[PDB]
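One chain comes next, on its own, written out as structure tokens in the form deposited without this ligand.
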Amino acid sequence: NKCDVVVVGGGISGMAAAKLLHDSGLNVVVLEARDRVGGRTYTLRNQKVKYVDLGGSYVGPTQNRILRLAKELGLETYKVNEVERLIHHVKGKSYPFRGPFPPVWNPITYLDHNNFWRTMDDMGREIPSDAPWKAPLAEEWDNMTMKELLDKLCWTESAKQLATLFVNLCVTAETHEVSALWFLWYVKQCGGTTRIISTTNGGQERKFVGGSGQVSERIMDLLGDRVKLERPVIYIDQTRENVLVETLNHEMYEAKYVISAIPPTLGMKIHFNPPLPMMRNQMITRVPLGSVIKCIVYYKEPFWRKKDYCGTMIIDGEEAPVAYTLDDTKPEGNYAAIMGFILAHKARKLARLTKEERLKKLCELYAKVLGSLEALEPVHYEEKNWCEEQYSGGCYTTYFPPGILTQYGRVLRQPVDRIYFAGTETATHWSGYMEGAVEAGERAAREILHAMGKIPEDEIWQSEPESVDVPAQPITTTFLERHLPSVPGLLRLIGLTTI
């Protein structure tokens, strides 16, 4: 029954909020729909894999809140393998490369590729992280899909193909599904194109030893009996003096405040009294999550390293079930594994197959890409289709279709009376990640602390000191990168001379 704050959702965001509130002396309850905590992070343990993250996993430089939280919980990180060559597989052929970006040799194509990534970052700088709808050209950009933006910008198919894969990979959605404004915001608030795509010095640099699930599990340990599993919230009543929160299993909780730490659209699973205000009412019907199957194929040995491949593959083409892989071998060098994502429409398409059929398709792909028969001899397989999850709605995160972010964006974390909104979707830095979950959970907690008069207003949003264990190298550009012309720029420069 009675407490100071009910937290709805025991994912990282909700657990981070509950921890903060608990540490400040408030009585908190966490109401979690599932028989486990973690939400879109999930670590499976069995003897065959030891442990494996089937949801969120990667952390890297500039993600200082998750890093600090995890380190306080007694967790260690290790570096994803990127020692050997990366592979870009395109038109049925593999092109090994070192460094973050695949090399482009054709000078026209090179100009086009260079201008695309640069323009994405240029457009990002016009977009406030905390209020993307305030971008000078917010409406124009929001009324376009990423597909239309790619069609305008990319004068080569090669740049368009790669850009498309980049969007599919970052947001598990098709270019034609997502607002251009939203996707440009999303990249910018992760620190730009380089930071979002890099392993070394980027978002995918590291994983946690033992799994990211330990973040939520260990916060549950600290909170003890305050976390209620198999308590899906069905009803929130704010008509009276104390907020009443009812669960499916027929329990009632009474609190001063509520933190909603679930994906925005899953707000739909709750009946509200009084009804939600108009904008939120409609917003929660407008904000789907992407589609992904995360797949891990185990091998006796990390045999790709012997061929001087790190295990990173960037795989273009409709026929490839998986467009992106990372080496998922343990830091001890055992439980050799390739992690791959089945993205967007392919997650829909290939979900129809059996587990064994998908295993076969992935091995046959890896064998081709790696040029190795050994890829055809897996010792184990694990996968997770996030599309089927009633209490996530998909992964990694919520995308915004055209028109939505400018019309409804400002309401995402706007408090509804005594309900405050956490969840990674409401973050301003690495929204979509475990990092953004921590930011949003802790900020929603502090919004409540301020409402109770416990902290000043200027303390709701708190800066995070940089990790000493995972420091960030700055993102640099070259002179040529900055000033080389686009394709139309080159053409104009030919027109001008030849006149």
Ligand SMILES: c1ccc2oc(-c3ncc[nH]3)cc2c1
Second form
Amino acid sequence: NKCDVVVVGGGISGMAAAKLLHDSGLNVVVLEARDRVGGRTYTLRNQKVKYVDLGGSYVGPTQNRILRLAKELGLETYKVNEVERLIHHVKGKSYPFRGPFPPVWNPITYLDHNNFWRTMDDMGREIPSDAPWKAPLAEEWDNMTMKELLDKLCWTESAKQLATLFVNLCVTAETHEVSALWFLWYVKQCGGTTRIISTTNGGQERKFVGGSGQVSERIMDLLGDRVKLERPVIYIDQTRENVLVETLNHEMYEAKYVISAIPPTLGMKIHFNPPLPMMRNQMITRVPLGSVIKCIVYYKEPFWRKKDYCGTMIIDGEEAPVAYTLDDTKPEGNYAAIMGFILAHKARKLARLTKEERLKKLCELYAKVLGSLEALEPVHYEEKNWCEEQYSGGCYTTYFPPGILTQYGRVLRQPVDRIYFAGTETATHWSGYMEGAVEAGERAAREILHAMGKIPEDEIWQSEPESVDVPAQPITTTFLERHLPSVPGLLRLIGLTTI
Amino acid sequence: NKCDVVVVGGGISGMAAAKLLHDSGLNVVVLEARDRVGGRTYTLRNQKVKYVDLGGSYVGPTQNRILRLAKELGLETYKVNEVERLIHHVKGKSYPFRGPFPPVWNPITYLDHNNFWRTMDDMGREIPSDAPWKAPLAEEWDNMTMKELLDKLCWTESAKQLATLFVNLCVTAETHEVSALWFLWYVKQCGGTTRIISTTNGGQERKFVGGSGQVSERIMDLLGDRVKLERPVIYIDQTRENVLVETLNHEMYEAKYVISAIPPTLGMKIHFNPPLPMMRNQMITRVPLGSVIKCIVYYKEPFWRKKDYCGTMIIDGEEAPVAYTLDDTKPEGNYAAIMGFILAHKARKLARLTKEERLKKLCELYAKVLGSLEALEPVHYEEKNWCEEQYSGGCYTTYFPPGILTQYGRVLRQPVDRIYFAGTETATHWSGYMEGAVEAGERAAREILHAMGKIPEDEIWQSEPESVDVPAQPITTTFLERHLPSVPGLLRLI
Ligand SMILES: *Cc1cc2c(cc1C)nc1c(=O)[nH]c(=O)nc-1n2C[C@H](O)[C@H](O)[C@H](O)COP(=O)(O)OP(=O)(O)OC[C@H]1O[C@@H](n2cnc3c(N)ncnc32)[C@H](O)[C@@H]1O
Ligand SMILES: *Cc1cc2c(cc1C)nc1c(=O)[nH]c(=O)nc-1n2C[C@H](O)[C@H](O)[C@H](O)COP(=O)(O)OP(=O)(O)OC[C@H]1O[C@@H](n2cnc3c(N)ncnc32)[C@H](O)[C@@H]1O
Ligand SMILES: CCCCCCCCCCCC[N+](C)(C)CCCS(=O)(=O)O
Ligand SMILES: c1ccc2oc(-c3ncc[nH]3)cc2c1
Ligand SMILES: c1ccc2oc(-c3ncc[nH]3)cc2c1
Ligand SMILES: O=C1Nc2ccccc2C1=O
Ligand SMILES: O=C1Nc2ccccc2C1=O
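Next block, the form solved in complex with this ligand, ref. the form deposited without this ligand:
Entire complex below, previous chain first.
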């Protein structure tokens, strides 16, 4: 119970921090509230599915830290199926396509859609990844919701509806719930609009064979009995020489430093002595997590592939319970399955139903989208509503409502005496993901090595070599994508020519 | 150890709940985190100020529960001074006035201001006090911020600036931080724009002689050793026959029911077994409290009165640290003082200064606005930054960002097995105030009495006779206020 560092939380970020500190020769303890490690990742194993990721699952190019960590732990990836055509279902009909966005044929609509994605990335380039409150128009952008920004930018309903689906799927929240500054930061710090939304060459390209929960489980194996499960932390006292960390089951740990590797608002579950400084005290009441039910419907065969659909469906409309799906069949071609997300207000609205009722609605939806009666014949179903988790608060990650990132964002990873902050939310590249978890856990561990005098300051932040297994292709645009006007730019050109 | 009901929190709402249950003959225990009672009320006593409310202070007409409770405990009120002129300071100049809003002379700006207040109250009449998510346009109004609503309604910058001040002072938050539905509900459930903003015949009319902390202290006097200080609740377990409530100092209490009388989000500091239901688990991460420093500058005399000013100042503009003040002099004309609030982002901005640096900024601001060098000679200063408080989370109260009240509002006062929810945030009239704390603590206590079969369902919510000491006068409007067109109304006649 005496150690160098207590890590509070045994998700990927606390496990990555604990491993680094252990590898450097320090004595670490990880206090995990649950009876398992992995946190917002959770790999269920049973005979009907073999294994299935019910939390975080996908990785992709440019996520080099999780790929390197997982590789070193003996894990392998495989590519999510994107051989056959994607489907965009809009106004009750399905339109097959290939590429990052469904094709738009109407020239006016085309300009508006082109301008929308272009402008999201243009604004993102004004926003520093490590300091979004330093953007030149940070206040103006943080004081409006994403809804207000789509209202201003989108001169077509078509573009506004697609943009809405994009926000809801990327951050499991509604356009009117989230700040425009924070959402534009969140997309740019993932590499931009194409990279975040893509399967091939993007965030959803791959999964781990056997499930992502193995990352945290295999580090727990390396650490032995240093991971204490069912130890929720209730109290941290920094008034004396060594920090004292108390758990709910009545144990006391003493350490030189602590890393908090839990979602920022879950800091509220810990009583602090002395009290936190004013800005962190209020920050942790201002930063909710989003809302999602991850649902996986199993079938005898991946029947959609025979119709030349890959299983990816972008599904618009209020009545659809799931707005986005991917094929979740095993790489061997068996345990055929569709993964779908029930997003944001729908996660709250449909949580009232039973599991069997949600399975029925999802099969009825997929049968219509795929024009396939076979979708009404599931062989098994698994789901997880992350809104119910006391020790997560939601999924995938924390969002910032209007006005909060500029006022309180500076303190998200600011140390509090001998407490340092990990967790994906404090990352600067793919924050909200497993990648951001590794970045933040290793960065917080190195802050402590630096505090101890073990490494110089310039080693706190460390670049990551690009994976040789999952290389990234650049995201490119065409001259016409770059230079074609927006709708109001065209109207300005028309008004001028009319003169 | 064992009792009928454990009340978590010894603010006014927890105290009022515990007193009601105690008076009905149950065994109650109050578990208070701090080494004091009163919560968001705090009355400091020293020789320089005699006493000063550093937290909640004001009561007024229509707040009959807090007036009845305090009168039963032996307290008296006095009137906040409003005899002389009020000041609106705009663009670096003071304009003295009387009445609920500063006069506007430009005919366009007049229409724009008149329509703004009128439209806030018109909207409020469609929002049920006890279920604002049932307003006919609930979703539409909940999905916009107040800044977006003000941008829509205000055709002049003058109106928009005064509306901004009004939102910042009522709910200690910025217009772009809050939902329009929730803000409109908040004003309506205090009786509308005139009643919430007014001193005479409104929410700021009176203060308690000796301080409002005396309400919580005097109920603690009654309950004696039933109130346990420095007992932060850390864990609530309802998986067994009786509810088990555990504190940080390693004590265990067992009860038939619990009342949670703490700000909603501070339910995060309690680990629940079984876990909370999904909607409350997320709700209590979505409901922050506002930000405010309350500052009281003392002087040898209430010198502003010689100049026919009462000490109320509405001060616009970014550079002013304090946007609103009231005279805090004691009823006897002594301990002269001005109370001012540093609101919302300015509480965040100015909290980095020292106490003496804040005093200097305040005094230079008041010298400009009162047009008196006497404001530069303070004799004493007290202040409290509520943003620092672990066991409040901010002041005055909890605000709802866009989208949260329609999605989660129904859960605020929904019982969770044998836990019932008090706290001013759960009230239906003057929620956010000491009056809403009494209403909610007494109603939560009565839900428990009904669960015990002690009273019928219809006695859970109880009306309150009007105070004889602080009666309400009607809020009226003129024919012109009712019927003058808005700016886009006047343009639909051109
Ligand atoms: C839930 C989810 C997440 C998700 C996703 C789909 C869903 C449904 N899709 C993802 C994807 O495909 N690819 C990806 O990279 N990420 C995706 N996510 C997000 C991902 O799961 C999270 O970003 C990442 O797992 C976060 O890791 P981090 O280590 O930062 O945080 P955590 O997993 O929440 O771990 C925190 C641990 O702390 C324990 N805890 C909480 N409170 C306490 C206290 N008081 N004491 C001790 N331990 C505590 C939690 O139990 C948890 O284990
Ligand atoms: C801070 C403030 C508030 C205020 C105001 C000015 C300021 C600066 N102006 C007011 C005014 O003039 N007139 C008025 O009526 N109200 C005004 N307010 C708000 C008013 O103070 C609040 O509405 C009222 O005091 C709220 O009472 P309530 O009883 O609902 O809430 P509380 O005071 O916060 O008490 C909660 C108690 O719970 C204890 N606590 C917190 N967590 C725990 C745990 N885990 N375990 C045990 N106890 C806990 C708190 O310490 C507190 O005592
Ligand atoms: C005789 C000429 C009359 C034509 C007047 C043109 C009216 C233009 C209003 C269309 C609003 C379009 N959206 C995208 C909703 C908002 C744009 C925001 S921004 O205006 O670009 O800032
Ligand atoms: C809005 C909402 C969901 C979306 O998914 C894609 C996508 N998936 C794979 C390639 N592009 C694009 C897209 C746009
Ligand atoms: C906006 C912001 C603060 C304000 O204070 C008043 C007021 N005080 C007492 C009578 N009216 C009116 C008013 C309007
Ligand atoms: O699982 C997912 N997480 C995501 C984040 C952004 C966009 C798509 C997805 C997924 O499909
Ligand atoms: O203390 C105050 N609380 C208030 C709430 C609304 C309007 C004015 C005030 C005050 O002056």
